[PDB]
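Build the full structure now, drawing on both the sequences and the hints.
Protein chains: 10
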Amino acid sequence: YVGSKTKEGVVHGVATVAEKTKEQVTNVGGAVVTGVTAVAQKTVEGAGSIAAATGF
Amino acid sequence: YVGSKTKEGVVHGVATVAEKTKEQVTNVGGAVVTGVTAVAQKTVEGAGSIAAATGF
Amino acid sequence: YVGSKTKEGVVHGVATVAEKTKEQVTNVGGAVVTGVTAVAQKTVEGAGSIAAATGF
Amino acid sequence: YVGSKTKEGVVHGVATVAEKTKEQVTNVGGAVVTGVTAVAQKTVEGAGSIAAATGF
Amino acid sequence: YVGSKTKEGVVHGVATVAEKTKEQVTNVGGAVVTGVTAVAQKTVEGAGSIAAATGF
Amino acid sequence: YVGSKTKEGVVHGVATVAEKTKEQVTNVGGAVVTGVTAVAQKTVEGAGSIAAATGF
Amino acid sequence: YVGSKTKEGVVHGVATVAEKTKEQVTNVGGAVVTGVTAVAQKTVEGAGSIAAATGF
Amino acid sequence: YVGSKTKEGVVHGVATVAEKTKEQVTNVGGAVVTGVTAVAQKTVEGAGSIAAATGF
Amino acid sequence: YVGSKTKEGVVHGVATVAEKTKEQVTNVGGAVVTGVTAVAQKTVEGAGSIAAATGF
Amino acid sequence: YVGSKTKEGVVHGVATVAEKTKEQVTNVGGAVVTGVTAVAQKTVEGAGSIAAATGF
Numbered sequence: 039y040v041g042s043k044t045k046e047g048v049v050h051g052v053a054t055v056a057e058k059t060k061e062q063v064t065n066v067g068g069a070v071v072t073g074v075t076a077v078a079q080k081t082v083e084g085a086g087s088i089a090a091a092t093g094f
Numbered sequence: 039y040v041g042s043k044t045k046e047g048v049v050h051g052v053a054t055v056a057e058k059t060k061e062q063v064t065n066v067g068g069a070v071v072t073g074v075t076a077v078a079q080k081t082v083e084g085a086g087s088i089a090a091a092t093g094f
Numbered sequence: 039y040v041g042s043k044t045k046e047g048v049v050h051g052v053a054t055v056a057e058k059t060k061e062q063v064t065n066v067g068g069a070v071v072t073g074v075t076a077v078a079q080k081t082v083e084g085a086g087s088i089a090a091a092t093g094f
Numbered sequence: 039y040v041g042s043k044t045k046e047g048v049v050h051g052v053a054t055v056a057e058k059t060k061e062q063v064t065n066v067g068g069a070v071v072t073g074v075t076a077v078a079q080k081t082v083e084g085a086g087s088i089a090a091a092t093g094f
Numbered sequence: 039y040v041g042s043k044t045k046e047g048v049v050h051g052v053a054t055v056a057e058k059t060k061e062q063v064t065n066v067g068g069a070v071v072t073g074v075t076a077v078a079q080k081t082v083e084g085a086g087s088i089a090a091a092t093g094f
Numbered sequence: 039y040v041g042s043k044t045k046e047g048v049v050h051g052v053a054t055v056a057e058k059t060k061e062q063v064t065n066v067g068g069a070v071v072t073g074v075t076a077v078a079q080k081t082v083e084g085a086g087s088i089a090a091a092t093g094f
Numbered sequence: 039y040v041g042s043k044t045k046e047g048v049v050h051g052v053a054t055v056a057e058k059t060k061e062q063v064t065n066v067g068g069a070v071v072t073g074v075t076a077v078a079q080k081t082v083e084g085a086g087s088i089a090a091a092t093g094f
Numbered sequence: 039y040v041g042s043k044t045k046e047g048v049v050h051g052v053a054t055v056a057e058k059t060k061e062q063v064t065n066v067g068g069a070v071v072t073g074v075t076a077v078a079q080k081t082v083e084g085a086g087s088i089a090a091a092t093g094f
Numbered sequence: 039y040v041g042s043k044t045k046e047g048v049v050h051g052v053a054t055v056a057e058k059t060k061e062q063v064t065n066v067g068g069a070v071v072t073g074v075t076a077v078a079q080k081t082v083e084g085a086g087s088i089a090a091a092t093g094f
Numbered sequence: 039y040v041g042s043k044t045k046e047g048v049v050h051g052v053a054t055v056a057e058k059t060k061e062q063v064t065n066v067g068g069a070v071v072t073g074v075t076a077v078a079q080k081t082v083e084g085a086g087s088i089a090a091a092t093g094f
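Top to bottom, those sequences are chains A, C, E, G, I, J, H, F, D and B.
Numbering-wise (PDB author numbering), the first sequence opens with residue 39 and increments by one.
Numbering-wise (PDB author numbering), the second sequence opens with residue 39 and increments by one.
Numbering-wise (PDB author numbering), the third sequence opens with residue 39 and increments by one.
Numbering-wise (PDB author numbering), the fourth sequence opens with residue 39 and increments by one.
Numbering-wise (PDB author numbering), the fifth sequence opens with residue 39 and increments by one.
Numbering-wise (PDB author numbering), the sixth sequence opens with residue 39 and increments by one.
Numbering-wise (PDB author numbering), the seventh sequence opens with residue 39 and increments by one.
Numbering-wise (PDB author numbering), the eighth sequence opens with residue 39 and increments by one.
Numbering-wise (PDB author numbering), the ninth sequence opens with residue 39 and increments by one.
Numbering-wise (PDB author numbering), the tenth sequence opens with residue 39 and increments by one.
Don't read these hints as lab results, they were simulated from the structure.
By construction, the Cβ of each residue, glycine as well, lies at the ideal position given by its N, Cα and C atoms.
Warning: the hint list may mix true and false statements.
Straight-line distance between alpha carbons at most 30 Å, and here's what the computed DSSO-like set of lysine-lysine pairs gives [as the list claims (entries may be wrong)]:
#1 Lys-45(B) to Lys-43(D)
#2 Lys-58(B) to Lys-58(H)
#3 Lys-60(E) to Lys-45(B)
#4 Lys-45(J) to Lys-60(G)
#5 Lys-80(J) to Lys-43(H)
Pair by pair, the computed Cβ-Cβ distance ranges are [unchecked claim]:
#6 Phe-94(G) to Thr-54(A): 29 to 37 Å
#7 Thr-92(J) to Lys-60(H): 23 to 31 Å
#8 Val-82(G) to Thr-92(J): 58 to 66 Å
#9 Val-82(B) to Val-82(J): 17 to 25 Å
#10 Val-40(G) to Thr-64(A): 22 to 30 Å
In structure tokens form, the structure reads like this:
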């Protein structure tokens with residue numbers, strides 16, 4: 039048995055309610071990331087980024 | 039048994055309710071990412087990005 | 039047994055309700071990504087991107 | 039047994055309701071991606087992109 | 039047994055209801071992708087893109 | 039204007055997916071009702087029943 | 039204006055996904071009601087029953 | 039203006055996902071009601087019952 | 039203006055995910071009600087019951 | 039203005055996730071009510087009961 043029955047990068051059983059009035063975004067020459075939910079990633083090699091923002 | 043029965047990059051059982059009035063976005067010369075939900079990725083090699091924004 | 043019975047990059051059992059009035063987007067010289075839901079990817083080699091925006 | 043019975047890049051059991059009044063998009067010299075749902079991809083080699091937007 | 043009984047790039051059991059009044063798109067010199075649903079792809083070699091928009 | 043422009047007993051915009059393996063029913067001396075979907079009724083006078091089961 | 043523009047007994051915008059393996063029912067001398075979905079009724083006079091079961 | 043523009047007994051914007059393995063029911067001399075979803079009723083006069091079970 | 043623009047007995051914007059293995063019911067000489075969701079009723083006169091069970 | 043713009047017996051914006059293994063019910067000569075969710079009722083006259091169980 040090697041690397042077996044493992045759970046990795048798993049999201050389960052999440053319930054979300056959002057109520058908003060007049061949500062707004064306004065970006066000039068910029069990076070904006072908003073609202074990421076319930077995201078799971080596994081990367082055997084290399085670099086993994088969730089919700090990452092870089093300007094210029 | 040090698041690498042067997044593993045669960046990796048899995049999202050399950052997520053319930054979402056969103057109520058909004060007048061949601062708006064406005065981008066000039068910019069990268070905007072919004073609303074990602076329930077996304078799962080696995081990458082054996084290389085780099086995996088979820089909801090990542092770069093300007094210019 | 040090698041690499042068998044594994045679940046990878048899988049999304050299941052997601053229920054979403056969205057109510058909006060006057061949703062708007064307005065982009066000049068820009069990349070906008072919005073509303074991604076329930077997306078799963080696996081990449082044996084190379085780089086996999088979900089909901090990723092680059093300007094210029 | 040090698041690489042057998044595996045589930046990879048699979049999306050199942052997703053129910054979505056969307057109600058909108060006056061949804062709008064307006065793009066000049068720009069890339070906009072909106073509304074991706076229930077999309078699954080596997081790539082043995084090379085790079086796979088879901089909902090990815092590049093300007094210019 | 040090699041590469042047998044595997045499920046890859048599969049989407050199943052998705053139910054969608056959309057109600058909209060006055061949906062609009064307006065693009066000048068731009069790429070817009072909207073409304074992709076229930077799409078599955080597998081690529082043994084090369085790069086596979088779902089819902090990807092590039093301007094100019 | 040009396041009783042005008044009213045909407046009553048109306049069902050609209052419903053999408054259903056059902057997947058089953060080996061569904062079964064077995065009734066002796068009994069009433070069974072199963073699977074009613076998308077049914078609308080209006081009755082000006084008298085009693086209206088949807089999916090109602092009585093034994094003996 | 040009397041009783042005008044009213045909405046009564048209306049169901050709209052419902053999306054349902056059901057996955058089952060080996061669903062079963064077994065009734066002796068009994069009333070069973072199962073699976074009612076998306077049903078709307080209005081009754082000006084008298085009694086209206088949805089999904090109601092009586093034995094003997 | 040009397041009784042106008044009212045909304046009564048209305049269900050809207052509901053999304054449901056159910057996953058089950060081996061669901062079962064077994065009734066002897068009994069009333070069972072199960073699974074009612076998204077049901078709306080209005081009754082000007084008399085008594086209205088949703089999902090109501092009586093034995094004998 | 040009398041009784042106008044009122045909202046009564048209305049359910050909206052509800053998202054539900056259920057995962058079960060081996061759900062079971064077993065009733066002898068009894069009334070069982072299970073799983074009611076998203077049900078709305080209005081009754082001008084008389085008595086209205088949702089999910090109500092009486093034995094014998 | 040009398041009885042106008044009132045909201046009464048209204049349920050909105052509820053998101054629920056349930057995960058269960060081996061849920062069971064077993065009733066002899068009894069009334070059981072289980073799982074009521076998101077139910078709204080208004081009754082101008084008479085008595086309204088939600089999720090109410092009486093034996094014998």
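Going through the hints against the structure:
| no. | hint | in the structure |
| --- | --- | --- |
| 1 | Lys-45(B) to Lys-43(D) | holds, 9 Å |
| 2 | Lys-58(B) to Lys-58(H) | holds, 14 Å |
| 3 | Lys-60(E) to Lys-45(B) | holds, 23 Å |
| 4 | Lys-45(J) to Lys-60(G) | holds, 23 Å |
| 5 | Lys-80(J) to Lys-43(H) | holds, 17 Å |
| 6 | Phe-94(G) to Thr-54(A): 29 to 37 Å | holds, 35 Å |
| 7 | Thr-92(J) to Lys-60(H): 23 to 31 Å | holds, 28 Å |
| 8 | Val-82(G) to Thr-92(J): 58 to 66 Å | holds, 60 Å |
| 9 | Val-82(B) to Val-82(J): 17 to 25 Å | holds, 19 Å |
| 10 | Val-40(G) to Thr-64(A): 22 to 30 Å | violated, 53 Å |
In the structure shown, a violation is registered for the earlier hint numbered 10 alone.
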